[PDB]
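For reference, the chains in residue letters:
2 protein chains.
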Amino acid sequence: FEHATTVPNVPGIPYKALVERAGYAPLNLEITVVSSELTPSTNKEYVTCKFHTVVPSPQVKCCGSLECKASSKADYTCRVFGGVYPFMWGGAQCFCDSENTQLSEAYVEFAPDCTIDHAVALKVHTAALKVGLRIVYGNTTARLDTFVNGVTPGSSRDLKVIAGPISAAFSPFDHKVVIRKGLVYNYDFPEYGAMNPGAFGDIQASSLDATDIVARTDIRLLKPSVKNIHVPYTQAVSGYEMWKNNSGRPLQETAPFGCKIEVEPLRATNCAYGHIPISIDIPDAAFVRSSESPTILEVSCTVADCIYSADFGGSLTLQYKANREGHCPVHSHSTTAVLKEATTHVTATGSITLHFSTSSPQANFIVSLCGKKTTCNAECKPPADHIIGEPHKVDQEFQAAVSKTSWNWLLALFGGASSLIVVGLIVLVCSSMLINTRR
Amino acid sequence: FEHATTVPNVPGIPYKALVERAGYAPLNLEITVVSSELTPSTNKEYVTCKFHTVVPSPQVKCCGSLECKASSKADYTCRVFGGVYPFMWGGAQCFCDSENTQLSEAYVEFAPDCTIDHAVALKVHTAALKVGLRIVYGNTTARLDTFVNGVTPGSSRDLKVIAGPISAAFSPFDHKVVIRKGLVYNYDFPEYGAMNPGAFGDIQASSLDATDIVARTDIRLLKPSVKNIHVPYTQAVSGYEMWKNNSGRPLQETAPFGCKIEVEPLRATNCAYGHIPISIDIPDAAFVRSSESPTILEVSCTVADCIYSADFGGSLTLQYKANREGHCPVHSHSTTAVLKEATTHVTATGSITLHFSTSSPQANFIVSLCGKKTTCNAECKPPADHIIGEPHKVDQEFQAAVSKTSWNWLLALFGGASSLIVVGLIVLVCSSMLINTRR
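Top line first, the protein sequences correspond to chains N and J. The entry's author numbering puts the first residue of the first sequence at 1, with every later residue one more than the last. The entry's author numbering puts the first residue of the second sequence at 1, with every later residue one more than the last.
Treat the hints loosely; a few may be bogus.
Treat identical chains as interchangeable: a pair holds within one or across any two.
For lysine-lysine, the following DSS-like pairs were computed, each having C-alpha atoms within a straight-line distance of at most 27 Å [what the hints assert, rightly or not]:
1. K44 - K61
2. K69 - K130
3. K44 - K381
4. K73 - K160
5. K61 - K372
6. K227 - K61
7. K381 - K340
8. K73 - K130
9. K69 - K160
10. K223 - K160
11. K260 - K44
12. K61 - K160
These are calculated hints, taken from the structure and not from any lab test.
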């Protein structure tokens, strides 16, 4: 027996519904979203870190001329200079004080520590949502995990559930996302090869040990100006460091809907937004024919004091008359009221005290015991506390979130003018009839 | 000096342009798109192949009772059957032929040969274009590889190139692709977990060696009937096999715009479509002032036979007066006329033959030698040959393919009506004023 519902996507808040197969006693259905992770499609474009500026030992052609070669080393740097007359520790290193050409060579690799202190730049796309569900039906509880797409099923030995697609699409991640040690930053990283020196991604590679590093650090060599041999050079500051200093706040503190961002794989857990449509085919063994569960002859509702709040602040009493002692389910058929208890033992005749929560100023909601209806009418005061450590269990509507007294006043002041204009039109018509008759 | 052009994206076709510096001799420029590689971004959803339906050895309780345990094997299935009293080779493999509970167990895994014959399912995202360019300017040539985005430059010792963005974006891949042994199919596949028996991806896993194999092959056990012990079962055919039989032709044979679909990594090579804006900053040493190169005094153009075929089916001669021997460049300043040669040695007095191609029935193109211009006017015949194994080097422009004769006839036929209606309006005005005077 297939039942379709729209469970609100709010972790930790059970949603209760009543399935009513025609020939069978009603059954209670409690659906709880235990966990939900939204994971996007991700693909590594490259990784980056602080370059180590490696400067090979110089070579000198003592009485000739060298020619700069071409190398694929990340930002390979080469420059030839004229007479240098370098001093090594002895006091001379070349005769031919003129025509003493020198070559200065330099490039950039990954620093040894970059194996862990590195960032990975990954582009994302549409994210599928995966939900962990605990479902309790009647007296049986089952747990399931499913993809909320409207096609992917899940099964637990007899339970058979299809969820999705999500009513509203949403992803907390930007098209471009940067990961560093588990901190997520939605920084717009530069494109592969679009490397600007002094900014994030000044060097790039497809892996930490990869040999095809591409670098552009804006490195320029200088003519050696001191007698002793060494190679002067300047270089833009490590753009990796600049991004580190100016990183802003990580996404773990910026994602809306309070979703905890985790890595490996990058994913958002408990991301509470919208509703998911769920169809459940309950196995036929759970239902029981109406002759066995005790039907109730009549029920009357008396509501005590109530306050509309997130906690179960309202209470009521049901006077019931039944035909056998049993375990009837109890439900609220209104959208703006939910019950703490879903199933109570019932005797031949008695009263049951039950607790509930609502969100409207007045409770005007239909309770149902074993399918028999009763319109509970009551009046809930505004709450006392300002702040609770528990989320609201019911959405706030408009057509019901207006007090009947306020409704009466509003209707009176809106209908007075309507009655007046009706009377004015009536008087005009009567005057027209009189003037027509008496012309 | 930065010069910007719009090279047509047609691999193998040189494009000739002329850099005209303000005060310096003109210099020839030639751009060749040696190769192009549009490569998308891929993520491995899963890999699928023929499943192997492994049936573990059955277990029999003599006349007790077993129970079916949950497992995690792919499409794990278990059933319990009653009295069996099986036979193996003695004829009684259990005493007490009552409640002879027999457990049947079955699941699937990857066949041993799936390590080679297997399809990887990919989702592709926005694809970046990379091109290898050979550029020769004046006498000096260079090759480089650049990414067509408008930001990433290419550097070759003196050449600074800016490529992109693409004029008209295009990706031959659909949203979902399947790779098998280098054959590419743009066939959408069910998402992870969404197994359908008898259809593609009926068995899925993240890798060939992954133990987290998930499957839904719709395998059902049957009660054994013949007294010899054996477990019967029935199962839908391998959806992988069904997709292989009806795969259709691969993309390497149906990709539009005529490009080679390549794998490892997936990419499309040499796909001609649209245009690339390219800016070249020519190094200042390549230029020379016009005082060095000879400047010709007068040049005139006599067009020979011309045919607007796709090849160099046209010839002409330039008679020139010049001041000194040199190596003047030659260019065509029209978008419907290209020249086989771009430079020539020039004497003081004489004439030179040259070759050219066009596509309009007329030639009305401006040749130039060492900067000074000269019109060439001609009528070209339709090509005698029907088919050539060369692409058209130019494109027929909007209403530029109207012949002179057609232009004359069309203007005459419209001008007749124009003059007629003008005469009618003039005669009406004259009649009106004549009557008004004599009214």
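* Within, between, both or neither, where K44 and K381 count as close if Cα-Cα is 27 Å or less -> Close neither inside one copy (56 Å) nor across copies (57 Å); limit 27 Å.
* Should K223 paired with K160 be assigned to within, between, both, or neither, using CA atoms and 27 Å as the limit? -> between (77 Å within a copy, 25 Å between copies)
* Measure nothing new, just compare the shortest in-copy and cross-copy C-alpha distances for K69 and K160 to 27 Å and report within, between, both or neither. => between (69 Å within a copy, 19 Å between copies)
* Copy assignment of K73 with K160, given that the CA separation must stay at most 27 Å -> Result: close only across copies, 19 Å inter versus 58 Å intra.
* To do: Indicate which option fits the pair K381, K340 if close means a Cα-Cα distance not exceeding 27 Å: within, between, both or neither.
  => within (19 Å within a copy, 92 Å between copies)
* Asked: Taking 27 Å as the upper bound on the Cα-Cα distance, should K69 and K130 be classified as within, between, both, or neither?
  -> Answer is between; shortest inter-copy Cα gap is 26 Å, intra-copy 55 Å.
* Could you figure out if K73 and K130 sit no more than 27 Å apart (CA to CA) within one copy, between two copies, both or neither? => between (44 Å within a copy, 20 Å between copies)
* At most 27 Å between C-alpha atoms: does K61 with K372 qualify within a copy, between copies, both, or neither? -> neither (104 Å within a copy, 50 Å between copies)
* Between the shortest in-copy and the shortest cross-copy C-alpha distance, which are at most 27 Å for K260 and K44: within, between, both, or neither? -> Both. Shortest intra-copy (22 Å) and inter-copy (25 Å) distances satisfy the 27 Å Cα cut-off.
* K44 and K61: within-copy, between-copy, both or neither at 27 Å Cα -> neither (45 Å within a copy, 53 Å between copies)
* To do: Could you place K61 and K160 in one of the four classes (within, between, both, neither) given a Cα distance threshold of 27 Å?
  => neither (81 Å within a copy, 31 Å between copies)
* Homomeric proximity label, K227 with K61: Cα distance no greater than 27 Å -> The answer is within: 16 Å in one copy meets 27 Å, while 94 Å across copies does not.
Comparing the model with each numbered hint stated earlier shows that hints 1, 3, 5 and 12 do not hold.
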